[PDB]
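J.: What follows is each chain in one-letter form.
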Amino acid sequence: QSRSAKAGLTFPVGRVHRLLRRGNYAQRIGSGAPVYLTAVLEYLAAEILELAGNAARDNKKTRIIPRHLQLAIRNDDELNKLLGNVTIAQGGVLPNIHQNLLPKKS
Amino acid sequence: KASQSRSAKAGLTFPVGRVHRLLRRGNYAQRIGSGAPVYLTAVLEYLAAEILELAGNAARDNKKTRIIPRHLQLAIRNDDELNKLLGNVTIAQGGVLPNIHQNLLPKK
Amino acid sequence: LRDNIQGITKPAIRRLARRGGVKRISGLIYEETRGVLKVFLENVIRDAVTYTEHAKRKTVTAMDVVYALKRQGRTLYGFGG
Amino acid sequence: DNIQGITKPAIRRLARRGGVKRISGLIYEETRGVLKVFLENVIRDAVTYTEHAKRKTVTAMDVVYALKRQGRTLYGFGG
Amino acid sequence: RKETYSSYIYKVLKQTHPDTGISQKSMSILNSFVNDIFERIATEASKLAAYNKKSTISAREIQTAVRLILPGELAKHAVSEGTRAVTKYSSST
Amino acid sequence: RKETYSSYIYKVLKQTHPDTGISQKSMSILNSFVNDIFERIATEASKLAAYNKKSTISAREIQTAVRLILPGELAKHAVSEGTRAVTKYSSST
Amino acid sequence: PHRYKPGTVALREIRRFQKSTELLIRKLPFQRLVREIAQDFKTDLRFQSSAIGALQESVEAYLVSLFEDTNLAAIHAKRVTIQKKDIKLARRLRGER
Amino acid sequence: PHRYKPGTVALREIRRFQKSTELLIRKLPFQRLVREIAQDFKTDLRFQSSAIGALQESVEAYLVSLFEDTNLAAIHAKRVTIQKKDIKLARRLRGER
DNA sequence: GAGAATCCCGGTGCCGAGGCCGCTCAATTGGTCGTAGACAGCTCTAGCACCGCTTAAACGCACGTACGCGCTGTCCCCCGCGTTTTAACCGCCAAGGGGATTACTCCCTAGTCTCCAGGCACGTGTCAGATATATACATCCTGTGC
DNA sequence: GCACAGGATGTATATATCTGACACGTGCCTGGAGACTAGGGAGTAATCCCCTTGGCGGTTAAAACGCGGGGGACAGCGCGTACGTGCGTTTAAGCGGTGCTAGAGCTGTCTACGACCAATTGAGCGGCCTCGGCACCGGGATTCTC
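Chains as they are written, first to last, in the UniProt record's numbering: chain V, 17 to 122; chain C, 14 to 121; chain G, 23 to 103; chain S, 25 to 103; chain D, 37 to 129; chain Y, 37 to 129; chain E, 39 to 135; chain L, 39 to 135.
To be clear, the hints were calculated from the coordinates, so they are not data collected in a lab. Incorrect hints may have been included.
Within a straight-line C-alpha distance of at most 27 angstroms, the following computed DSSO-like cross-link-like pairs (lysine-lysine) qualify [claimed, not checked]: (1) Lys-80/S x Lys-89/Y; (2) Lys-45/S x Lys-80/E; (3) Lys-90/D x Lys-80/L; (4) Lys-57/L x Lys-120/C; (5) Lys-50/D x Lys-78/G; (6) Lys-89/D x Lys-47/Y; (7) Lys-77/V x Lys-90/D; (8) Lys-65/E x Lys-92/S; (9) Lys-65/E x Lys-45/G; (10) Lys-57/L x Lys-97/V; (11) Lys-38/Y x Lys-61/Y.
Listed next, with one range per pair, are the computed distances between beta-carbon atoms [unchecked claim]: (12) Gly-108/D x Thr-59/L: 52 to 60 angstroms; (13) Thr-81/G x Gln-17/V: 45 to 53 angstroms; (14) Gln-86/L x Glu-51/E: 33 to 41 angstroms; (15) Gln-86/L x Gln-51/D: 22 to 30 angstroms; (16) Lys-116/L x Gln-51/D: 32 to 40 angstroms.
Sample of chain D residues facing chain V (criterion: CB under 7 angstroms; computed from the structure) [said to hold, decoys possible]: (17) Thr-56; (18) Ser-91; (19) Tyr-125.
Note that CB positions come from ideal geometry on N, CA and C, so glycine has one too.
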């Protein structure tokens, strides 16, 4: 039986444990550490795909495009703060206009 | 059969055995070659020697004898290659750079 | 509550500005710069205290704080030994 | 003529992607110089990876590691 | 033969969205994203394990690391669900 | 029992400027500098060797690490002195 | 005999550019520049196809991030026009030396 | 009596502070500041004195770098006087929020 | 009030994103042992708290002066558009050159015991500021008269 | 109103004292070096196949160019105002002193968690296949705009 099932998770605790094993970090690795690592990657992936799915549902699209990924990652200020040094392939820019760049009055 | 270390056998003054020891249990790789500790000893020797040439020249420009960290700050930041090498560092008891922008002076 | 943010006195922000080479400082900048001091302060000391609570120490030593400066790319020398 | 390959409407496209209304005319050659010093860094950062890998063609993954080294990491090209 | 997280991220999505599709280059965005985050958290874990002269990787130093590299409301939520996951793994020994 | 680089760097400045004192705060600057340079070059050489799928650190990837990290003119001076150091090491005859 | 106001068609193409996300540099001259800067280091360097696209997406990303900040620098100077001193202002304040 | 032109002694204390090395803030208000800003994360938390000195020289280096950058931002804006928008512009261009 | 320029909707393939079978390594299971971390104990360093006097430093008020800023006419150099040309873009052939992939073999480097001296930690002999007398000698301040 | 004589005073420069901050000679211990062993990692080499760079040619949006004009940078100029200067009046760091006392750190000892080896089975990777989501082309409603 798979250890991802006994942890109730859908990311590969064996594979990330194996990658951590040749990950060359220390001489010994505990058993619960890939479980906790799998859990935090699962929650973080669930939230970013939740925002991507909501952005897809806002713009009538049922396929994820990296433009929708950029709109999903840059609108949330927390994920913007964590992904501040990272750019996205075919991402695009959020439409932001300073208030006097718009001409005229009223 | 009595032989000395491999630091002088490499003609170097930093301990190649100690930096080798840090290369094993620094767990950067499970296998370490023979030329890696002598080469790393050599490059640390070169950078340290360059730093003390600049610090000694700064101290002789200040005609002191003991290296105050003001001398280290002026040795690092008045040389451009160390400015790109040590851009994000802060040196304890170092202070800032003497610079005046030309508009701030009373040009009259 | 107390005179703790404003305990960093008004000529001190002036002196720190004169270390950089300014001439003219407006009067309304002092509380904003005090805000800048404090907002840098919590997001360095939160890394410092997370390093502290992993060590199971309830005093903050001089080593975990300089690695907390090493965290965001603002590394510091002198207390590293 | 090969040096001037990035054309003036391309700087116009990048500037209006940046969202700038009015552009001064002396921008463009210095922006070209900005390109020829920025991508200079990553060509140096990538061909050293390539020659240490005993290869003489570059790929996506090593220049993505070069961008990751110099702080502006990119996704979607492996890595 | 190379490895990725195709079926797993796809099962996460089909759990939360049974109707949205995924472009392969978008999935490469997510793959580079997830192993980038993995490499950062694992490198910080390696450092902070060596920092306290501990030769072992465990749950407490990745715990401290995920508080310190993930900021607010993605720190505490991830810590809560991961503690739930490790407790439901240890109980189901 | 403590570890440092104090005596070695001490004879480094004595072999070129014997009439020069050193401060222990400045010596802490120097120790932190050599430790930071060591850990930077070693972790980037390790990451670069992980690119190659090479499990062994040899001199070639750390001189590659010199060329990546250290600025170019002092980088070529450093690799020149490193090559004469390793050739003088290799002459065990 | 109609002529449009300066600021109408320009602002509408900023909007049409901001909704779009396609590459703006023509790929073949950029390919020429990256080859001609690469051959100064090692002659006969072959190039993988998506490496050119990675370099292109990096340089549009970095120039867009620079141009937004330089627009902020120019609008801070009570001006609607950028200038090369605003370019070096943004480069110093970015810490790009 | 005889006075000096305003700004002539300003540059004198500029070169006096930039000649100087020591620290320009009293230790006790800093110490109460870090005690009353660190107690929310954890109560009864003691401190190493040289850790307080590290916090000192780190934050003073950040403030002198930020003030130098803000002075450049102000002098680009055809002024010498430094305002709130100079701080906002500088914090936008170093990238931190 | 007109009119290009937008959004919005209907018809065309199509070609790149989900299902579907083989099966190969790679996650998973069971037994062994040694070691690194977990808990107890004890010491000493040093961290916190307060007394008390000091004084450099900060707060507060009055002034006044250089600079921030609102306006105003001036270029004048940037912006919208026809026209051509021109180099980018696309389809596709090729070929050969370089990454990939298996296999064998050496050699190079991890692991272990011995030792002894390299590099410490910890005492003492050896040069720079500070206070102090001393005594003639040049120089300045001060009282006085023509 | 100005020149002359008497008193005061720095002061210079040589010792003596006298303290305070440095480089150098011995325990010591522990980690680097040497010898031996073992095994697996990289080096090399031969082939395979994939892709990558030219190389046409058609063709086509797009850039270069110039012309008319118009909004924005810009030097200047007034005007007020806002921060620099200065000095009386607290004041609160600061030093240092002491008193206490709790936690950092080192050692000891156990034990329990996981590296490691032999065996297992399953599930995800990949070639192959299907098909429908959507960019694209053409026509109609609608929006700022001069």
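J.: If you test the structure against every hint from before, which numbers come out violated?
T.: Violated: hints 2, 5, 6, 7, 9, 10, 12, 14, 15, 16.
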